[PDB]
Amino acid sequence: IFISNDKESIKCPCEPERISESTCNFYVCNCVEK
Amino acid sequence: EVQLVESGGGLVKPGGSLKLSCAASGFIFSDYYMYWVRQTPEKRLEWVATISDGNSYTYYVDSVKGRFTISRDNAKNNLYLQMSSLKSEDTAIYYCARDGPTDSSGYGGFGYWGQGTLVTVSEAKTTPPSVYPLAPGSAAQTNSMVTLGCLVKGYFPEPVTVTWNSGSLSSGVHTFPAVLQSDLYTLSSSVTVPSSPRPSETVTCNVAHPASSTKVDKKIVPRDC
Amino acid sequence: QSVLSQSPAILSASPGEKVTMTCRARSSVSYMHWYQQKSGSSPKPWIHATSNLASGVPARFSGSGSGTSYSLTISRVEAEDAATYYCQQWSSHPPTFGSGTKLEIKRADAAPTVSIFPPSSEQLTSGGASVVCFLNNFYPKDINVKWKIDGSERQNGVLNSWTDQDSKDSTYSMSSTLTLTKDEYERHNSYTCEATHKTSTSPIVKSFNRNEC
Numbered sequence: 001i002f003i004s005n006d007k008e009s010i011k012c013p014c015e016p017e018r019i020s021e022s023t024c025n026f027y028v029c030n031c032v033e034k
Numbered sequence: 001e002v003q004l005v006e007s008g009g010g011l012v013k014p015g016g017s018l019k020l021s022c023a024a025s026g027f028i029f030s031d032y033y034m035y036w037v038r039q040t041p042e043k044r045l046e047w048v049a050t051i052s053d054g055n056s057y058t059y060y061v062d063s064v065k066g067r068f069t070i071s072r073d074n075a076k077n078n079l080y081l082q083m084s085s086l087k088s089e090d091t092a093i094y095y096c097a098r099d100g101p102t103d104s105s106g107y108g109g110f111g112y113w114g115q116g117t118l119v120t121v122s123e124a125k126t127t128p129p130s131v132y133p134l135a136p137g138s139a140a141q142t143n144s145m146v147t148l149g150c151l152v153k154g155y156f157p158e159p160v161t162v163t164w165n166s167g168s169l170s171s172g173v174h175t176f177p178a179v180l181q182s183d184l185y186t187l188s189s190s191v192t193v194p195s196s197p198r199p200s201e202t203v204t205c206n207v208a209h210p211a212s213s214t215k216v217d218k219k220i221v222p223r224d225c
Numbered sequence: 001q002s003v004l005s006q007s008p009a010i011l012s013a014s015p016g017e018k019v020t021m022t023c024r025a026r027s028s029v030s031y032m033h034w035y036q037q038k039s040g041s042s043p044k045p046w047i048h049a050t051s052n053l054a055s056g057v058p059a060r061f062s063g064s065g066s067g068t069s070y071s072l073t074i075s076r077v078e079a080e081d082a083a084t085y086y087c088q089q090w091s092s093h094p095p096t097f098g099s100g101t102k103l104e105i106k107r108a109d110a111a112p113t114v115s116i117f118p119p120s121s122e123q124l125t126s127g128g129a130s131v132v133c134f135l136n137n138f139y140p141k142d143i144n145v146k147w148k149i150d151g152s153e154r155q156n157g158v159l160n161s162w163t164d165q166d167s168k169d170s171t172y173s174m175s176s177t178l179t180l181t182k183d184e185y186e187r188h189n190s191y192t193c194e195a196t197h198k199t200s201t202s203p204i205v206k207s208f209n210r211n212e213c
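Protein chains in written order, with the working numbering: chain L, 1 to 34; chain Y, 1 to 225; chain F, 1 to 213.
In short, the hints are calculated from the structure, not lab data.
Treat the hints with care, as some may be off.
To be verified - Simulated crosslink set (DSS-like; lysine-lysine; CA at most 27 Å straight-line):
hint, chain 1, residue 1, chain 2, residue 2
1, Y, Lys43, F, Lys141
2, F, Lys206, Y, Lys218
3, Y, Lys43, F, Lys106
4, L, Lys11, Y, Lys76
5, Y, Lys76, L, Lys7
6, F, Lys106, F, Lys18
Stated by the list, open to error - Facing chain Y, a subset of chain F residues (Cβ under 10 Å, in silico):
hint, residue
7, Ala49
8, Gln123
9, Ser130
Backbone N, C-alpha and C fix where the C-beta goes; we use that ideal spot for every residue, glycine too.
Isolated chain L, as found in the complex:
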């Protein structure tokens, strides 16, 4: 899973990045687990 609007769904090893536009959030992971 690439992006999500549920923080836990990404299973990021580090704190995810939060992108928020109107008042609604998206989370992305910049810490790739190879």
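Since the structure of chain L is already known, use the hints to place chains Y and F on it.
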């Protein structure tokens, strides 16, 4: 303001176990991942463990897998690190950390660190320091300035704290890094004041060694015969 | 895995000069973080996400890079910039730190202020005797101290410690302690620490005689 305050660091024999706490405040603890990072005696920095927020997801550095356990208590705003089967290599300052503020975050950085807590893994006995006031002998009358000192000798493990007049004197002090010798540390500290202050005003060395519960003041009095 | 090499290990610069230290990754990383550490405190976040300065970090600092080469630059170095700088990535898990670049600041030569101390009466009571010599506020860092008991006759059984480079001053200081049994200390009379440093052609000496007050 964000604060992270570690505790529980101490001396532990090889194979022993120990549990660190980190008392978080000034933010919503449960909104953030939390990390432990350590610094070894050679000053290498090493990530040790991560715990996610939401449902516990935990991650470990290989050298620690099966031996450490990271956990959190959102009720009490605390992060913990259960260590066990301790090895001399686990000797280090342990820092608890989290990502930075809302602009500076999301990219895998350690944005706030606590002040750290020292874990020593060794067979050597705990020993309190001996604190000795160092006053000038014979002459050394005045460069306008006099230098006094404190010798903190024969203790284990690290750390100690050294202070002059409970910190009212910070200007002109040099506290030297401890050197390990026969499983015992020694450390000294100097202070330089004008010949006005001393000996007329007072000059005191404050030392504390919590592992042995020592807390001491030596006043610097000129030499008797 | 994505291990980091930092170079150089030590960088000397004078105030006003431009420095660059660099951080190489084993494979491509996408963001690089930098911390500044002065001894006795923990790493301060300095540059986040390659090129973004942390609140409070002065504008003389910058970070750049991509792929497997990143760096940190100081356009004009200042005394207070003496520290060790570490790079860190987490583009690929587990996250890794480089082993640091230490920045030394150059300044004019300064002779040490040397102070010697006989053992305190307190230590003598308990059986030990340490003679203590402080060498403070000198530049450059190179210095050695010799101990002479009585005869200008040299001894080992000494312990030295050095401070990190001072943040305001750019100087160094050291403490040297000679430790003897009280017995042996009573048997001799003159005690000397001798410092050799670039600022005198002959040893800076401080001394005292035991049969004194």
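Consistency of the hints with the structure:
With a CA separation close to 21 Å, the supplied pair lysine 43 of chain Y and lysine 141 of chain F stays within the 27 Å bound. For the suggested pair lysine 206 of chain F and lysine 218 of chain Y, the alpha carbons sit about 25 Å apart, so the restraint of at most 27 Å is met. At roughly 23 Å between alpha-carbon atoms, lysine 43 of chain Y and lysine 106 of chain F fall within 27 Å of each other, so this suggested pair holds. Between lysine 11 of chain L and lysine 76 of chain Y the CA atoms are separated by roughly 25 Å; this keeps the pair inside 27 Å, and the hint holds.
With a C-alpha separation of about 23 Å, the suggested pairing of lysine 76 of chain Y with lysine 7 of chain L holds against the 27 Å cut-off. For the proposed pair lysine 106 of chain F and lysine 18 of chain F, the alpha carbon gap of about 13 Å is at most 27 Å, so the pair holds. For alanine 49 of chain F, the suggested interface contact is upheld, since its CB lies about 4 Å from the closest CB of chain Y, less than 10 Å. Interface restraint check for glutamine 123 of chain F: the shortest CB-CB distance to chain Y comes to about 5 Å, inside 10 Å, so the restraint holds.
Evaluation of the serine 130 of chain F hint against chain Y yields a held restraint, the C-beta minimum of about 6 Å falling below 10 Å.
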